[PDB]
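Asker: Given only the sequences and the hints, what does the whole structure look like? Please build it.
Residues per chain are reported as follows:
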Amino acid sequence: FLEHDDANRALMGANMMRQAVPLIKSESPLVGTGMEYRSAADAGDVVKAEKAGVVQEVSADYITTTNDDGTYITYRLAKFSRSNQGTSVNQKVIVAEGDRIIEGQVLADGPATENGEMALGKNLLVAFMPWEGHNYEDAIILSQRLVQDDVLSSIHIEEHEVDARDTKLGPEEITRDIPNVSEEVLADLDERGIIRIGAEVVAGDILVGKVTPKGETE
Amino acid sequence: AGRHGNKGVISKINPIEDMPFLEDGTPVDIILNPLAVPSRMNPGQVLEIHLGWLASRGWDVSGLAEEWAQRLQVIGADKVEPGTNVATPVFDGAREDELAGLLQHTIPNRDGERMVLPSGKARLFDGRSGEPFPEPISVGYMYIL
Amino acid sequence: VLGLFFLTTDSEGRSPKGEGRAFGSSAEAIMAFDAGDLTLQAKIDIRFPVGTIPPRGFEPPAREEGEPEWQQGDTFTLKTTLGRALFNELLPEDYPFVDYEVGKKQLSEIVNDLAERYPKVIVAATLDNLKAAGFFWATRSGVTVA
Amino acid sequence: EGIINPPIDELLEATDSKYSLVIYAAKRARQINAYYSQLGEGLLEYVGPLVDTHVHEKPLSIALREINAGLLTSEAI
Amino acid sequence: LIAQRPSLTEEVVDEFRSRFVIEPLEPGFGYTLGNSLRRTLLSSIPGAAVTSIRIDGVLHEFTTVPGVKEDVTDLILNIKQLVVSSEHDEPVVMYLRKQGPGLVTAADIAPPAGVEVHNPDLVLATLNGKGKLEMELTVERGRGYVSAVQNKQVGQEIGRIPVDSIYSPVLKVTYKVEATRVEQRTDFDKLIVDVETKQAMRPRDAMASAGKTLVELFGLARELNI
Amino acid sequence: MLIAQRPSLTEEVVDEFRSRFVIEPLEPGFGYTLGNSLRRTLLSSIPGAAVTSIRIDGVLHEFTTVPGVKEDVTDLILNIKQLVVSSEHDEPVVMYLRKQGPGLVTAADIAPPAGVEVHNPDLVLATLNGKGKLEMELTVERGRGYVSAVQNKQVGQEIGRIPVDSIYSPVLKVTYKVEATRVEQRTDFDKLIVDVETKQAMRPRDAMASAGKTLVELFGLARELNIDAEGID
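Chains as they are written, first to last, in the entry's author numbering: chain C, 582 to 799; chain W, 872 to 1016; chain B, 582 to 727; chain G, 9 to 85; chain V, 2 to 227; chain U, 1 to 233.
By construction, these hints were calculated from the structure, which means they are not laboratory data.
Errors might be hidden in some of the hints.
Partial selection, computed: residues in chain V whose CB lies under 8 angstroms from chain U [to be verified]: (1) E11; (2) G29; (3) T64; (4) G115; (5) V118; (6) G143; (7) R144; (8) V183; (9) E184; (10) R186; (11) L215; (12) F219; (13) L221; (14) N226.
Where is the CB? At the ideal position from N, CA and C, for every residue including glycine.
Answerer: Here it is in structure tokens:
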């Protein structure tokens, strides 16, 4: 319904749909223009078949298909990888164990897509009414069902790095034996001073233990 | 934000029992100010919402012998199951008569009664006080980003 | 402002039930509204307790009596809707009764008069009351977009 | 039970200006806070809270309370 | 002016959906009682839910189990819809073990004594030939909704991941009023409350618990007076 | 499961009949249930007594002018409906008021029959000048809540009887507000404040106790379905 919207609001909406994060599981719009499939397939993050065949093996990490000419082609899927803005690029699967595949048919979804169709958000029940002033100046009131049912939530992956260098005084060491700290702080570190995979971490916690070799001592 | 330039920060995540709810106990998921839309001059979101509702509970149009009904029959949008996605191209969308007539002929949900009036608004209760709101409140499904 | 306007507007185009019936007090009018036989915008004859300042236009008229009377400090009956009674319940008791559609510009002159003639804490309390009741009655005003 | 708990119009009618009132209350708050940090030195120039005080209260609230109560004066040198 | 004590009558339309009728209510009063019942039913009703799990070979909810088409977060989503009942106040560990190709659902789970699943048709995941799923789902008892951040208590167990648990077993509550056929100008109203719950229990028990909570709070408001 | 803190109703009195009641912190979302249910069962479910019809001598239903009284019939109806009466008969009873000569007629001059009592004797009713000719008969009927003016073909039987609005409920107005309170680092607890103003006949706290009573045997209907437990104390 673009022809009903104002040109300024159309500008804002078009420039603002690019900021929509991909959610946990996405659903394609209940009402929306039919170009969404073409706008999702032409973007290359959706895994499409290079050749026509039949699915042989399906999993969360890969899809192995046997094409009709006889070759065996495996598509790997990026699961919980970091995009340039911090959002995940997790790719769901929509094909079954043994269904037929044609060329260009969508095998696996991408971030913010459902069934190969673009899905930038969720469809929610809406009522227009002033409600006790909490939707004032176009603010948002919403149910807790969008919190408990995991509707509007997103995985955010942040990368953060450090390097142990060779400065003038000596070589920086990645070590567990951090000085002037209690034992419980460094409890979750590895033998070489690395936080373990899947270790829940909070602000101020030790991620990787790097010590500078020495400083002018007075 | 929606797709029509409407945006806003979240001021309160209400409990489910505090949201206004429909005639079947279905709470609404998001409350929007109707003050914004006539000043922003983007009524299309409202249009979207009506068709969103029409795509939630499907419609049965056959033999109605009306202009919009015959257009939907020759197009193919005459028998639509509930929940199925609908498509309005960006300048060949569903016309006013089609939305009005489909809101007339929305499939019932329970007790053989349909829940949104042909005006596009539904009688909506209060989750806090419990007394029903005086005038019908426009409800439907908007795709929120 | 939309809520206060809806509260204080006239009964034009909206079906008035219980229009033109005397009420002993504003509490009885509220009870009738809760019963449902009286609408918010309906010209009713409502009595007001002692200490309620009558409107500025109420002074040239008076009750017909063979004895001297002064309706400036004591009880009086007024032909007004219930919404104006609630709106003046928001306003301070020393402020004269307002008997017109408020909207926005009349709200501006009311707030300017309040800031001119009243201390800061009273003004802050009255704008808080106006804010709260404006949101409350804008929720029940039935405004929506279809 | 807040910032506005001293009514401000009383302070203006007891001061006749607004900048005089704010620097007046600031000086009194500084005196009270210096008294609290005396550590038992017993300095004569620092006079404690003349109004009643809770277990913990900002010196400026106490200062405005003494200005409002009218039990304290100031003169220009 | 007439005094008649209200009476509640239950009729059933499905296995887990029923309508309760309270006829002699005072005018202008059915809506508020129905709303109090609905708000007590939707939020504060005790139940049981899975509060944490532990998948063998998985350290956090962002990996993938080797041999299932749904990642661990989708597994969290599918477990979060599993409705259960736990008699034990203490948490109970349920076991789900599946080998080989197939479709692991809630019917394939092993519920201990005192803990019962109620929707065995709920699909949990899929397995190909090299798929192998072993989960130890911790189930607890409570009311309302408790997020995953409030469900974590152990730090030494890396593999255990908490899930956000939805305890309330009531799907939707509605109320409706009419006018009684008795002829007075008061026009008393009957209240019909449609309660539909999940498979955890029949709506009669849920309405009983809501009535217990409401009568306890109102007796608190009563007995402290006079 | 178990409730950490138990609420406790406290009363802060401000007048002879006006009062305010504060509930110590309730569970999240339980403020509004208690507030509106208590307000509606307070304003409507408490039984009381009031007038239902009046009869003025030598007047007609279309004749709004009363002889000998400066106040019109509307002010007289308003003052009668503003009067408090208590009854125990449980059928409508006719109560008289007669006065001759000039002066002020109040509720003190009203003569009540046995079993019917008037709690407000000092409020003014009307004025008389010259010849009084004041003979009114008013019907007192025990009821519950609030009912407007209703006619039952009594105008056909006699022309002097006109119905009057009835205020049965002892409470005059109830206003509830639910705000937020913080204990044990959890801000989402509700404090409910119920300001109740009643008439001078009945004590407000007795009315609130009766409302809580009616709510107890009203929500005991759901209890007889099943004996189910809940986390208490």
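Asker: What hint numbers does the structure not satisfy?
Answerer: 3, 4, 5, 8 and 9
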